[PDB]
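Novice: Spelled out, the chains give:
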Amino acid sequence: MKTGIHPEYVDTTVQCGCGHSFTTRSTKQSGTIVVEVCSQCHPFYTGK
Amino acid sequence: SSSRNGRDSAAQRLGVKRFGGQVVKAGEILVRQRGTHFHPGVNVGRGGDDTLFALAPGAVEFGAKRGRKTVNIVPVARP
Amino acid sequence: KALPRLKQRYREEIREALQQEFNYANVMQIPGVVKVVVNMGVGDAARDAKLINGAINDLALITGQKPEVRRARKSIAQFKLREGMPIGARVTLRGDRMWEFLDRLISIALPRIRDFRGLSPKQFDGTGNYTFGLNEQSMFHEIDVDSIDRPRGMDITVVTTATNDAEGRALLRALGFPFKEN
Amino acid sequence: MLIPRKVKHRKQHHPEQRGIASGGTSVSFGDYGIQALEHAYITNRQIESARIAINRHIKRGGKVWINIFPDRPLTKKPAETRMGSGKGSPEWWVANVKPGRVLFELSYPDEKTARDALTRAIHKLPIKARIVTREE
Amino acid sequence: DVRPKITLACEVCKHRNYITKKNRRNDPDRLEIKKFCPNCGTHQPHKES
RNA sequence: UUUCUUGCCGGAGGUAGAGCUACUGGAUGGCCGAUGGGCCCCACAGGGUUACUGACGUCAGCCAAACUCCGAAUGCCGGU
RNA sequence: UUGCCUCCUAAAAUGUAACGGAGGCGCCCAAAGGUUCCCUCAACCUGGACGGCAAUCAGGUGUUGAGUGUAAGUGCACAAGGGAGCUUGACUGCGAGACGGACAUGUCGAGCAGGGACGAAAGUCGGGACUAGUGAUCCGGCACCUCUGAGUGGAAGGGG
Ligand SMILES: [Mg+2]
Ligand SMILES: [Mg+2]
Ligand SMILES: [Mg+2]
Ligand SMILES: [Mg+2]
Ligand SMILES: [Mg+2]
Ligand SMILES: [Mg+2]
Ligand SMILES: [Mg+2]
Ligand SMILES: [Mg+2]
Ligand SMILES: [Mg+2]
Ligand SMILES: [Mg+2]
Ligand SMILES: [Mg+2]
Ligand SMILES: [Mg+2]
Ligand SMILES: [Mg+2]
Ligand SMILES: [Mg+2]
Ligand SMILES: [Mg+2]
Ligand SMILES: [Mg+2]
Ligand SMILES: [Mg+2]
Ligand SMILES: [Mg+2]
Ligand SMILES: [Mg+2]
Ligand SMILES: [Mg+2]
Ligand SMILES: [Mg+2]
Ligand SMILES: [Mg+2]
Ligand SMILES: [Mg+2]
Ligand SMILES: [Mg+2]
Ligand SMILES: [Mg+2]
Ligand SMILES: [Mg+2]
Ligand SMILES: [Mg+2]
Ligand SMILES: [Mg+2]
Ligand SMILES: [Mg+2]
Ligand SMILES: [Mg+2]
Ligand SMILES: [Mg+2]
Ligand SMILES: [Zn+2]
Ligand SMILES: [Zn+2]
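Protein chains in written order, with the entry's author numbering: chain h, 1 to 48; chain Y, 8 to 86; chain G, 6 to 187; chain O, 1 to 136; chain d, 6 to 54.
Just so you know, the hints here were simulated from the structure itself, not pulled from any lab data. Keep in mind that the hints are not guaranteed to be accurate.
[What the hints assert, rightly or not] Have a look at the derived ranges for each label pair, beta carbon to beta carbon:
id	chain 1	residue 1	chain 2	residue 2	range
1	d	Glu16	Y	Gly22	46 to 56 Å
2	G	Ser152	h	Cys18	21 to 31 Å
3	h	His20	G	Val150	32 to 42 Å
4	Y	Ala71	d	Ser54	52 to 62 Å
Don't be surprised by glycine CBs; every beta carbon is placed ideally from N, CA and C.
From just these sequences and the hints, can you work out the full model?
Specialist: Okay, here's the thing in structure tokens:
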């Protein structure tokens, strides 16, 4: 874990379009994402 | 009608200079060589051109130490 | 006081799953995932040395760590490639950055595939070290679309303690990896 | 002609031509063979002539094994020239033969024709040889 | 020459103590290194003449 | 007597010989069989058939002043 | 062709000739020098978008077949091979004892002191894995020195 050379990394809140809530961490300076196709949206993931 | 070769260099007189059981002074050089064909042993040092010399007075004796031919100087007893 | 969630679910249910359906004498023989390696093998940078910059930037934003620049340790006449030329960039992820990156990929980025049809189950190197590629860096939402300059594929490797593809595949499925069903 | 594709050194010393053949003294490929009795330099000219002789005599079906190879070059300095000015250019090829070495080996159904083809070959060689059978 | 002979002189006494070689194509500027000065008695910088 | 000879003891070698599946090269005949060759159904997918050429490998017999996994006799250095 | 270096001839110490058989040299590197620490290649199989045996990634097999500035030989995996940090010992005063030797050349060297570099310390360091990359004396140039200075003081000139 170096001093400051790595890109900024903070906890982030990810909300799905179909209503799933992901509690994660990313390099997003905002820390907030909403996604319309997720693990419960794709026809291949949930068979729909 | 001419040979494109015919050159050679001087012989460097390499080889073992003191053999086993031979009493030497401290500092005598004992074997002249190119690589490390004989590795420095106990109380024997190695020179810049890989020349083995004696770091103490005694008798020369060769050995093998983990698959390496080595040269050692053995302290003869003082009369 | 805080842990990644997917590692939590792993320990909670996948460990018992792997134990009870693979039946190890030692509870420590229950396998698991060890590391992931993302490699952008750029290679064509033998002329454009400036493309590796976008390579390392986008890979850093997705992975959260700054790649080591991988040079070329051979001299070859064809590709205009000399020794010591930056050719690729790699990051290894272990631990919390490990699990969080796996989240960002499989729950987010891997859904973002256009024309997705799964990932082949025969993609193991004999012992369960699963390695797959792709050809577009625009399935990662960490990067905006127009902000890209060239279409680039990553190189995603998951290295696990499988003894063979059975442990590797059982693990990857148990972790929630949408394979191709052959 | 039997010529090596390349030799590491193209001007060697004359092969030492003393002793008894230690390696290669048994008949192993075919059933009859020609087995040497004198030291010599069997050039590829001799080998080719002998092989063609065997093939002409048997002429039907049977295997001829030339288990010696001419791969040692003898040089010769150009004519009318004095001594000196270095070694010549290699211009013939040789197998070094000791007394004991099976030179040619033959596999063929009958006996007398095989023996006659082998002696037809022997007549083309610069040495004394003898026909040796697959058994002690 | 591309690897000419050069001399090194102590700054604090201006005595030329060492002569060496260096590549002018690779070291265009004067070479300076901390060498030993026999009359200054200690290690001093030495600069190309 | 330091010289020399003979016996014994302590040494370092890479020659003769030999060996090579121990290296570098040469090199004989088999064996399986590729990749790359041709064809069928017919696609340049895929599959098999065929003097295919036949990588690699492997069986057996060999070769070398500038080869060596090995390896003397003599000579040489020292001691006694 | 003529000096130097490496190998074979060269007959297991050293040395050994020919218009005998093969090649190199007349450099290069302020790091490719010093020290401290860390690492192990080449090739092969398997899995991967460009990417094809081949480029970078991952797993395995892999004790030396890779590499060592540069010919060849002897070496080196304990690494002398790959990587990073600091740094100038690519030192000054010397040198017991030796190898080689017609002579003149040449070559190795522990150890002492000064002043340093690296290292916690032990210690190592008087260029480079080693053996080529060089030219005697005369004569002259230059910088420094506490020497000399043709009656004396300087100077010129000589000397180290
Ligand atoms: Mg020589
Ligand atoms: Mg040295
Ligand atoms: Mg002989
Ligand atoms: Mg025999
Ligand atoms: Mg033999
Ligand atoms: Mg006859
Ligand atoms: Mg520089
Ligand atoms: Mg005696
Ligand atoms: Mg004896
Ligand atoms: Mg012996
Ligand atoms: Mg030899
Ligand atoms: Mg022999
Ligand atoms: Mg050869
Ligand atoms: Mg020999
Ligand atoms: Mg000799
Ligand atoms: Mg001899
Ligand atoms: Mg002579
Ligand atoms: Mg020349
Ligand atoms: Mg070095
Ligand atoms: Mg250094
Ligand atoms: Mg590997
Ligand atoms: Mg090193
Ligand atoms: Mg110097
Ligand atoms: Mg002296
Ligand atoms: Mg000191
Ligand atoms: Mg010293
Ligand atoms: Mg030196
Ligand atoms: Mg004169
Ligand atoms: Mg006067
Ligand atoms: Mg006066
Ligand atoms: Mg004056
Ligand atoms: Zn969704
Ligand atoms: Zn000074």
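Novice: A separate judgement is required for each hint: does it hold in the structure or not?
Specialist: Evaluated hints:
1. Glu16(d) / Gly22(Y): 46 to 56 Å: Since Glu16(d) and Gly22(Y) have Cβ atoms about 51 Å apart, the given range 46 to 56 Å holds.
2. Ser152(G) / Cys18(h): 21 to 31 Å: Distance hint for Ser152(G), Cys18(h) holds at roughly 27 Å.
3. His20(h) / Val150(G): 32 to 42 Å: violated (23 Å)
4. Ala71(Y) / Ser54(d): 52 to 62 Å: holds (55 Å)
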